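Take a look at this single chain in structure tokens; it is the form deposited in one PDB entry.
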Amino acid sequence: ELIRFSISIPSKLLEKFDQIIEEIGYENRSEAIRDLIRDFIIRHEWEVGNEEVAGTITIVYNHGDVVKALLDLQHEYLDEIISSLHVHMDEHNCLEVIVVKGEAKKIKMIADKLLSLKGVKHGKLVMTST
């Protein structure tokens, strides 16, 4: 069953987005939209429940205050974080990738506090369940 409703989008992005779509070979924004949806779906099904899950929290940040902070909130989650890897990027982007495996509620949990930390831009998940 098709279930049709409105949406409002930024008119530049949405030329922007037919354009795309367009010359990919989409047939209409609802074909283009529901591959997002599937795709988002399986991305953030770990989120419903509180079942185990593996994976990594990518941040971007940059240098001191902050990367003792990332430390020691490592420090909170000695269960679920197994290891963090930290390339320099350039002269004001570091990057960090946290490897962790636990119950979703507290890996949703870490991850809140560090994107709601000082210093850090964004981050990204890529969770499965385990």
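Residue numbers count along the first chain shown, from 1. First, how it differs from the form deposited in another entry.
Each of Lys108, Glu22, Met89, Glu45 but one sits over 12 positions from any hinge; the one at the hinge between the rigid parts between the two forms is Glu45.
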Second form
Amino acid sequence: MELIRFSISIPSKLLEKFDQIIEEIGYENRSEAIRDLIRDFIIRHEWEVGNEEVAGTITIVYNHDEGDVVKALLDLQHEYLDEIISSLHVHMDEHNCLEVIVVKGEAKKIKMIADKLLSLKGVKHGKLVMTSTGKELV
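Can I get the form deposited in another entry as well, since the one above is the form deposited in one PDB entry?
A lone chain is what you will see next.
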């Protein structure tokens, strides 16, 4: 383990706004929030360049009674058995379901999976969260 200490210069008003927000959010200090910003930045780069394994989640909301969205979702998901780990489903109301799919594999592959799922007519709301397996982060 090795910690490297270095200095940086940030516009004073920008920094003031930052400190105000991170406190409200719940961060204990500025260094923790900035390290998080850097981890986030590195993860985004991981999804842009390379073939390294990444992980993500795809959250969707739909009316299971409308059209063939239910059958369409299953067929798409079963087409990617290697990338999709599992999914959590919550019955919102009589007709609406919330589903979150956990995926792990190559970035391009996962982005295509999200494109297919989210572009479904029956999917009303949806979002892909790009994160990490944590292996390459500390």
